[PDB]
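Colleague: Chain by chain, the residues:
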Amino acid sequence: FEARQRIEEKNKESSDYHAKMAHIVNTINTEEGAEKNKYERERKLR
Amino acid sequence: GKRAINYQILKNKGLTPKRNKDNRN
Amino acid sequence: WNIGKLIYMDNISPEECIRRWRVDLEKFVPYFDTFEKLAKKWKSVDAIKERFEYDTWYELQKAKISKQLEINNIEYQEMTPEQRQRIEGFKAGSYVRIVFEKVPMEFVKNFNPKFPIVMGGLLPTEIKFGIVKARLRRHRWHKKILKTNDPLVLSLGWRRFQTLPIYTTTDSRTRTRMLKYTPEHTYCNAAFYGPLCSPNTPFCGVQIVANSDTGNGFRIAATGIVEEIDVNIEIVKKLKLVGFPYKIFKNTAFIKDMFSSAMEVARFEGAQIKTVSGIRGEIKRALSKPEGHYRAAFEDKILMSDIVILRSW
Amino acid sequence: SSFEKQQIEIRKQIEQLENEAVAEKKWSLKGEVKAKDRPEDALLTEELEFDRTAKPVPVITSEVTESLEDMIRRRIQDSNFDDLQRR
Amino acid sequence: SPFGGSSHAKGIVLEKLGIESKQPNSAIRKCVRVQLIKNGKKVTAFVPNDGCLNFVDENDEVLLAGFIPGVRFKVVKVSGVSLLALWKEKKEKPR
Amino acid sequence: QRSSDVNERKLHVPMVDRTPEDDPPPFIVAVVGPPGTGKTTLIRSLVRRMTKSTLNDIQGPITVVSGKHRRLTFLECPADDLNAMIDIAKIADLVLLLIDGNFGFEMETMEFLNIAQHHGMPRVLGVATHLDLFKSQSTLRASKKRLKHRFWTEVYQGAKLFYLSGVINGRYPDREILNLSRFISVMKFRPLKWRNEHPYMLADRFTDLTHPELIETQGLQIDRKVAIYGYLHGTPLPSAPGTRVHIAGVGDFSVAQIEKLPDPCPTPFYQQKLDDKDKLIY
Amino acid sequence: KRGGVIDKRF
Amino acid sequence: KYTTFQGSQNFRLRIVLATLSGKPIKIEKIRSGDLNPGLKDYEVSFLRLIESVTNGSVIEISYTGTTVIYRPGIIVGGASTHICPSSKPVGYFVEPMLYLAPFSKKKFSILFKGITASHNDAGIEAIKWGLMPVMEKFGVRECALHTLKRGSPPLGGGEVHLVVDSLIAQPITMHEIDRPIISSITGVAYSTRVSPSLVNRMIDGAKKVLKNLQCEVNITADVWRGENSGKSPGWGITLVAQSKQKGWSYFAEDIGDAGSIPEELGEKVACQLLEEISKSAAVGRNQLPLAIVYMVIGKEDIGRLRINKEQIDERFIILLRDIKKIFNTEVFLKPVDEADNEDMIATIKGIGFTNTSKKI
Amino acid sequence: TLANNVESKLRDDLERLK
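Protein chains in written order, with the authors' numbering: chain R, 761 to 806; chain V, 536 to 560; chain F, 547 to 568, 606 to 635, 746 to 1006; chain B, 298 to 384; chain U, 41 to 107, 117 to 144; chain C, 44 to 317, 348 to 355; chain E, 108 to 117; chain Y, 7 to 366; chain A, 100 to 117.
Some hints could be false.
[To be verified] The calculated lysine-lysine pairs, modelled on DSS-like cross-linking and capped at a C-alpha distance of 27 Å, are:
1. Y:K365 with R:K770
2. F:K840 with U:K82
3. F:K836 with V:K548
I should point out that these hints are in silico values taken from the structure, not numbers from a laboratory.
Please model the entire structure based on the sequences and the hints provided.
Modeller: What follows is the structure in structure tokens.
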């Protein structure tokens, strides 16, 4: 019983850990990246 | 009774990589 | 009949209070008049028909604080001086007499005017005692690294005390593992028992305070910030069980001295293991004869000189 | 005096800690350990946390059984059979 | 200009986003959420390394400079002292 | 683009200062240095320049009016005690750091700063003494430069460092003392995270209120009722008794009773709202 | 988990 | 030692106020003269809930149990499930948790099970748009109560999930010295295990009363049916007067019993809401206890709130007296300079409370 | 006697496991 409870427990932490990092990694890329492409195009406009 | 500061205090060299003697001149 | 006084006159009952200047909060809904009366009261709704640039961000925050501070002065101005002192208390700059009781007689006797007497107020958290787990580093100028379970005089808030800290690492943010000593030139997680404190409260550690044992060395031993407060910690240590092979059959091998009885093996049937060479293996079953011996299978053949280890905490 | 009393209890506690600080460490706290070093069958008493390499073989409990047979009835109810046919 | 004409930016450190990351010295471990003091726009900045991340803590002042795409900014001074100086143990951060 | 950078260096963390708008307490000035560096003679020299009167003996806090709306309290830190060094750093609004120029820096001078560095900056001023012991001007000026540039290491670059040559009739050069005194006036202090959110005070005087009869019938071992007097600092102290408070090196004692007394050394600026006279000492 | 509802009810 | 209280009076608040302070408390003489003396099951269940969300607390109920000793620990929160006796609905326990969630180490994610509505306790809709809007004003940006299952009495079977993602040092200082203008009136009409017509009949009863007002009136019809409708038939209404200018709300609520006319109930609550508005200056009476406590645990600064003379009642007085016994804080009141109404400005100095339990 | 000691030891193990 302890073995089953452990392995199922570990998977969720691993799954949640991946899920959280993927979200925060990508949202920074989308939002900050858009501003980067925005800043550079004003730089190109200059 | 008077306890003067040591060399590590004196120069505050901190953590630096080892550097070759030739650089000195 | 001002209610400002009556509210705090506990001798007068609240029901007695209300009537003069004219049941229970567990009932969330407040009391209401009888239904039909409310309907007659609210045939006409007319009674309640009446109800229906700063240059930088920084100064805006400064403006908000100042505007808030100005509010306190305005109301404090009109409040009666006794009423003010009741609410705000004694403001800084006031010369005050403080009387204390149950002071040790040694303080009165062993009083030296040269040594200052500093009094510092305590918030509720400083009263609580518990586990203070914190980020700490050996001071750069201190000669030696600190050791776990080594007494250390710590300066927190208004209070100074000696405590036995335990220094820990996160182990890739997986567990709180105990360290034998401080890292030479970096911070480490440090746990100790003492008066609790708010986060963001910095502190120092000193190993010796007496003049006799001062020596020639620099004394401030450790520096850190309280990062956490709690009243348990689950600091754990790595415990490695060691056994030896005596009979090896290709992947399968028999190991001895890992355990004392077959019952010990049975608890650890299914457990992961490896050799010093790094060959991962598994406990399959406990051998009946002799006690403590168990069968294990490895990803590759192990050698007689190989030592097998079971990692536990 | 009361303060001098509390010093005595502190003076009692300090001596105990000094003895423990110098006393030989318990087998659990000695890091690498062998069966001979520790008391026999102490590991039965101690609760130790260890990894498992492979899956646990499932146990066919009742709530498992009802779930499978509910699945079996549903396909027969829908006549969904994954069966070979003449070609 | 990224800073509206300035070469460096003062900011308020809000949260160390990658603190939970398991892999040491990861790129994400080195990012910190910082709010610009001049305008209040929230921005992300790099820390030179995880060891240096120990020095930065919530509600301290940080100086930013130009540099996981999208992060353009690196912390160059915290609490009035250069991070590299603290990293080299040439200094202490004042509180 | 300098203006943007200059517009930048003015931005800082928005803090709240709890200093009262009216009648602020005297600032705590800590005179810290190695033994024999001249802490006592320094205090005697400054107090004379502020109030034109000489104190033969100084013991405990000394409060003076140093300005029209500025008041100071001078404290001599026991150089031989590390515990005394720590707690003064927690309350000292200003530090007068004494350094023996001939000897150079000393550990406690570093350690006091180091204790300060972890518990929040007060203002710190470097005072160099025994410079008269130097025999050559060349070694003197070189020592001053080395001493100064180091003091810029622990403390922000360009920090002021005052130099005092020798002591005459138990007093320093009057002209130099006057320069320090003016500096003590122009300094503007800072909000600190620990000071602005706890109420604290330094005891100017100590009194035991225990009945002598109790001391005899029970004995000296009996606990004592004590009264402590002084100026409050930081956040206001709540009026109701029973408040929980700590005394350094003694323990935590709950206030039995509290009352506000008239200012023993009131500021002139307050009075004229209601000069050689204007300078007072208590 | 620490702390418990020490129930002295009969 | 212990600040001592009397009776079952204000049991939840006194326990809550103790937790916010960290000051240990003793409550004694609980229903001493009653045939069934001492604590009732739901409040015993309540003490368990307090233990679930804190660490290190000591809660002693005496052998005779007309005395309970409470030594508060630190608020930790965490994920947990609470199985609740039928004697009280969900509003009884969720409401005090609102005082504790924003000042916790870990986010409050408490799954709740039992009856969801009653005649004397806050309803789900009351919590959703009557109280979280208040803590939203105090700075609690994120607070939500997800209704997974609705359970009407007597069998219940409902399920609600409390999530407070916002963790804050302390509530912001309050500054409201005006009477908010009601821009519109909204509400939710709900029913369980019955025809949708009943919900339509309640809104008719509410609408006819309130059509005299020149607001927009939009009451939602949240008919609950199927597996999520609980185990018993029941139906209720909640009407909220909303002020978009500064986001203020006043609300009234009631559940219908067997034999009652849906139109009559909808009509009743409409009158009740108008009664509450007449009695309110800045917040409704049912929202005052939430506001004052949050104000008191604010930073060491004065906030201002406008209160109507109808609101200073028996409950308000005992509420203030309990606050002083724990916090020693006194609520000072000022007449408003206007003559059109007789409103009152309550000024309170925050105790400088801070959420030391949130980790940085 | 030795068998009794083994049984008592193993009973202790059983009790500790619970």
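Colleague: Sort out which numbered hints this structure fails and list those numbers smallest first.
Modeller: 2
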